[PDB]
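Only one structure is covered here, and it is reproduced in the block below.
Only a single protein chain was left out; the remaining protein chains are all shown in position.
Letters A, B, C, D, E, F and G name the chains as they come in the text, with residue numbers starting at 1 for each one.
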């Protein structure tokens, strides 16, 4: 019987920037392809700066741990706007950073920016090492731009 | 030893709209004030269209269930861009909607829009009824604009 | 200092069948495209018969509830090898089916088979109704085969 | 048909002390303002000594990890009545303290007292370091009193 | 190297009222004793108005479901300041109340007050029916006062 | 440097009764065999009266929902010492029983007793119906005794 | 229409030993009393060897972290049949023990035995140190026997 909703405006509003789903998909697929080429089996995830996972892809033959790991890696990379390889080394002086929920301070995640600000993280997991995971995440990032 | 991150651009990017924290705070505080005036004790929550909770306020004397309820109500209102009072009545023909995670199909949540699109939900819980919760949520929405 | 692992064989082993990640991706992308064409904003998920999510895609402008909903819908469809639209109607005589963990008995999920057995479920959420979600899930399934 | 509830009294009862929602809000808003001034993007949380979160504010541009981190920091500070910067250093001799649920032994949380007893913790997260988070949490505490 | 914490005062503070642990224990033990006398095997819980569980007792021979049930019942009773037997009947007109987290709208929980305000809920579970659970919860409440 | 632990005795102690792991395994395997014979694919679970799961078996080709369902069914059957087929029908007059954590009021679970008291529940899930699940659970129970 | 349940017997059954609820309560209350005497504010928990929590008591003024900590400490002590003070020191050579779910390798938990086998753990948390927590847990254990 009743209605209707309020419309905000002016300085009550601000805008944020994101990858399109199409771009995030393009990036994630590029990571898998690079891994599949090298005979690796990986899961890939793209997480928005807002915390939401935009894309996930579970590779054929990938380990059952790789899916969530890739997700947490992307989340970690976009949160601090840095490769998870780098972030893992801050734990020497700031070891309780890993106690932050949703994070995995392990190589395989790398950020993507727009106007110098992080908009997404691309996470990979499943390769024999996180550094190799990250190589594929970079390959994922590299189709974006340029 | 290594760096650096990729910059996306062009049609790989899109923008989204949100309430400012200041506006969301202003709205949430307005809901409490309206409840406090009528002698009610409530929790209030503002949830962004992206799913993230932007503001929560636990009223003095509020029930221990009101906090999470207000959060889920705001989440529900912004998800379907409608008052939770209305959404609760769709359950007659679509009863499994309540089985959607994060939702609470109970009066007390109302949406806020920008350019005809939902950007936030304002949720309230603690009053003797959800319809009264919603009155205060509307009072919260009403300071935005106009 | 020590090793190594045991190798099973013979009737101790059996094989299972799955969609490739490439096929699951192709299907999920087809669902989004069909929704985007009709101006809808949806999340899509492909879940393997083994319970594992293989692909997720969060549409631009999709509701924050759509992601997990699509996942649970695909899981539900592949578990019972039936559209979630159909499964929702069994609740009249079997109402406690919805109490099964991981399920969402709501239109939007449809199964994919191999040799008459379910191998994947395709789930969609975000459209004004689950029946419309399911139309797009069918469009997703339809690029597979034929 | 039936009623009614029992009323306790005398030495069966005791009283506890808390910040008002208005005071907790005032403090949390003061932390954001101090961060916003220095160009930082942070989430802020005020947690009661009873464990309940009273206020949360998610700053514009804040990292998606900052919200829960600020909450756990405030919880940690009020639990031990000490800055989380200090508490993080006890881990050298008591490293399993971090294994306590709900805690984050990382700078950014500081306690607030009443009659020499902790009543609230103020947590901040999002700045380049926890020590800087804590500076803003102190600014939040500083509007209370004096 | 650094310190120290802020002290709040005046109208920045408010007081709340609670059962003592001794009183809550006395009540919970009285419920068990009444059940044990009638040959029943039950779990008992006392939950504070702030949401925190103060006391739990798992009866010998009690069902493995009774512990958490008693907890949720006490939480539900103190949240709405009413017997869970009564609250269960509001579901006819307000069926989505049960969707509130932490609740169990089933007989066995009854509130305890101080100055006309709820301070605790006493929950019982394990007897052949919730109405019988509630009888024992009332016996628990009855040693308080009078 | 320090020790040692206290030894309780007398009326401070009581004994409880359980199925052996060997018996629970024998029963669970008998359920699978009966299902496999009829061409059904099911998961089976044996849960102790204390709430602990003693045995689980995931059938080949079983649905991904069957594992947890069988567990919750066994838990439900041993909690109320009755078939879940029967317990599902109490929901007409006691519909909030399903809101008890850990439960699934759906046919497929049946209790096992010792000295007239429940000691275990045997749960099955995966067949086209819960009544058929329960037939196999009974076959599981039937190898015990007699 | 149908019934009835199977009765196991013989070597299909085994018996286990436990503290009575009365004994567990007596012990937990003794721990609080010893802490209250020394002016400490603590939560206490008694956990059965089967994993189930039998008793919890939240002290007046206790920290909001103490409740769950005491529970995990009791669980840890009864799992390994040793003081958590001792168990914390095994982490030097076996550091991944803390990664076991439900555990907290921190002083405050001590086991109780029957016939040389663990039957319960008594956990305490809230004092300025775990060693002091454990002193009170020992006082709790000491009223049992002798």
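Keep this in mind: contacts are C-beta pairs under 8 Å (C-beta built on N, C-alpha and C of every residue); 3 or more make two chains touch, one makes a residue touch a chain.
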(request) Determine which one of G:67, G:75 or G:136 touches the chain that has been left out. (result) G:75
(request) Taking the full complex into account, find the residue in A:56, A:69, A:113 or A:135 that is in contact with the omitted chain. (result) A:69
(request) Touching the hidden chain in the full complex, which residues of chain C are there? Just list them. (result) 2-3, 5-9, 11-20, 22-23, 26, 48, 50-52, 81-83, 85, 110-114, 116, 119-120, 138, 141-142, 144-146
(request) Could you list which residues of chain G touch the chain missing from the display? (result) 14, 48-51, 75-76, 78-80, 94-97, 99-103, 117
(message) Tell me which stretches of chain A touch the chain missing from the display.
(response) 60-61, 63-66, 68-69, 72, 88, 91, 98, 103-106, 130
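Keep in mind that, in the parts below, only the chains that are shown with their structure count from here on.
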(message) Averaging over Cα atoms per chain, report the distance between chain E and chain G in Å.
(response) 23
(request) Could you grab the centroid distance between chain C and chain D? Build each centroid from C-alpha atoms only and quote it in angstrom. (result) 42
(request) Please list all residues of chain C that touch 2 or more other chains. (result) 60, 64, 103
